[PDB]
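Only one chain is shown below, in structure tokens, and it's the form solved without the named molecule.
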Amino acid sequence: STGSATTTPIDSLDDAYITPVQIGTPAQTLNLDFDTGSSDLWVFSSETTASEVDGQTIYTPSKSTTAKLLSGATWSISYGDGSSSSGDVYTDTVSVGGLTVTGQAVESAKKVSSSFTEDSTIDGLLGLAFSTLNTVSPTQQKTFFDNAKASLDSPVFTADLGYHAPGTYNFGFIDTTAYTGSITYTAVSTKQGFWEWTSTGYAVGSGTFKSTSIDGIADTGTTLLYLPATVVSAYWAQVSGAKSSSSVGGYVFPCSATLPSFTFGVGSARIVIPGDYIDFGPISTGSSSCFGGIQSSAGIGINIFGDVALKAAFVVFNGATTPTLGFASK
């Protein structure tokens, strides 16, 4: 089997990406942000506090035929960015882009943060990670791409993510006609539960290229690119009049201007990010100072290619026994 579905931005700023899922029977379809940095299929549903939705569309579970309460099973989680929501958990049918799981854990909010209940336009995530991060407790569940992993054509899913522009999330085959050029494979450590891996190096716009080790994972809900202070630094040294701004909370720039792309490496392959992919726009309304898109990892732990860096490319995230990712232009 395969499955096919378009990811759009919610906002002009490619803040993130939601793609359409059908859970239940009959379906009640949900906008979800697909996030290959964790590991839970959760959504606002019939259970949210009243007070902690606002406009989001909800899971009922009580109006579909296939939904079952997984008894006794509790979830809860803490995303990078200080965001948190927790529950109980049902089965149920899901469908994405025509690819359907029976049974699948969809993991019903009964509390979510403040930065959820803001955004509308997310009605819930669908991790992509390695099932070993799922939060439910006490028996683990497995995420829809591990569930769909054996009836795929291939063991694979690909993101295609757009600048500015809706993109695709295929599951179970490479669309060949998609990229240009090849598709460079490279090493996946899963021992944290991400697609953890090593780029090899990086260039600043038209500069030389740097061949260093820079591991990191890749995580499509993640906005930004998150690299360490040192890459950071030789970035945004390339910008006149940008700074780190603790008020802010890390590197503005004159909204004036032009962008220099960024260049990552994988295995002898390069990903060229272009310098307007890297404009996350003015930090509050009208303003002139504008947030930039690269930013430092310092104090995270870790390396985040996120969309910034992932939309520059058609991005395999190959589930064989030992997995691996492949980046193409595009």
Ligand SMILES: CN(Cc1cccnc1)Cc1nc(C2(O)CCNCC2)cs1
The other form holds:
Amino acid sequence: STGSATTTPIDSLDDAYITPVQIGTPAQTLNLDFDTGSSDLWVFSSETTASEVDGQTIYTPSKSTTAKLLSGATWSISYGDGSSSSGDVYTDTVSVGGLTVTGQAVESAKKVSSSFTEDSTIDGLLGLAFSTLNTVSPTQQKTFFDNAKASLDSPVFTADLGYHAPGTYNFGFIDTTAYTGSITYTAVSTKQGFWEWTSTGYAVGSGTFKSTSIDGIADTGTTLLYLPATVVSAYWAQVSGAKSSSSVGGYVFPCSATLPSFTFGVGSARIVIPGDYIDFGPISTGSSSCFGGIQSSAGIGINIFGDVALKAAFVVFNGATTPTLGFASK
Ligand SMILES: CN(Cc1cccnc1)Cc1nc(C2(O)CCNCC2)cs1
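Okay, that one was the form solved without the named molecule. Can I see the form deposited with the named molecule bound too?
So here's everything in the complex, that chain up top.
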């Protein structure tokens, strides 16, 4: 089998991407945030605290003839931005762009943190990291990709995130018309449950390439590019007037500044992130100070190739017995 679904930025800043997902019988279509950095499929639901719902489409398990309560199972997750959610678990039928998994664990939110509430466009998450990270207790549950994998034509999925444009998540095949040149594959460590890999270095603008190993994760569920303080300092040094702001919580820059591109290495191949991908607009409405799209990972503990980087490439998440990651220019 294969699946293919259009993914859409939630706002003008590409702060996240949503993908329509069908859950239950009859289908309830929710728009989910596909997240290669976590492994829980969780949804706003009829069971979510009323005060914590504001515009989201909700999953109502009582109206799905295929929904079954998973007795005694709970979940609780906290993400890298301080957000969180929790609830109970159903198994139900889930379809993504024509690809169907029966008996998928659908985690129904009882509680959600304020950040989720305030984002009316995201009805929940669909995790695509490794299933060892799933938070369902006392019995861990499998991700959608893990559940679909044996049935797929090929054990892979691809992320094709758009800059200010629609994009695509494919399952089970590689669309060879979606990129230019070749796909360069690189080794993956699953030891932390992530799509974790090692970039071979970076360049700022037209500057010479710096060969240095940068261990990080491919995370569609993170907006920005988080890299070592040294690297980030070298980037923003090339932006006149940029500085690191404690009050704002990162590098900011004059809104009229010209941002240089940022290149990262994949083996001997290079992916180029155009300067304007790194622009996340005024720090507050009407301000002429803008928030930067490349930030230090020093307080995080891990480097994160989030949407800012990934949307500059066609990315293959190869889930063969030994997983690998593929990057191509596009
Ligand atoms: C525009 N960003 C940079 C910024 C920060 C401060 C000022 N100006 C720009 C911040 C944002 N991040 C998000 C999400 O974290 C995206 C995925 N999780 C849900 C919310 C939405 S707005």
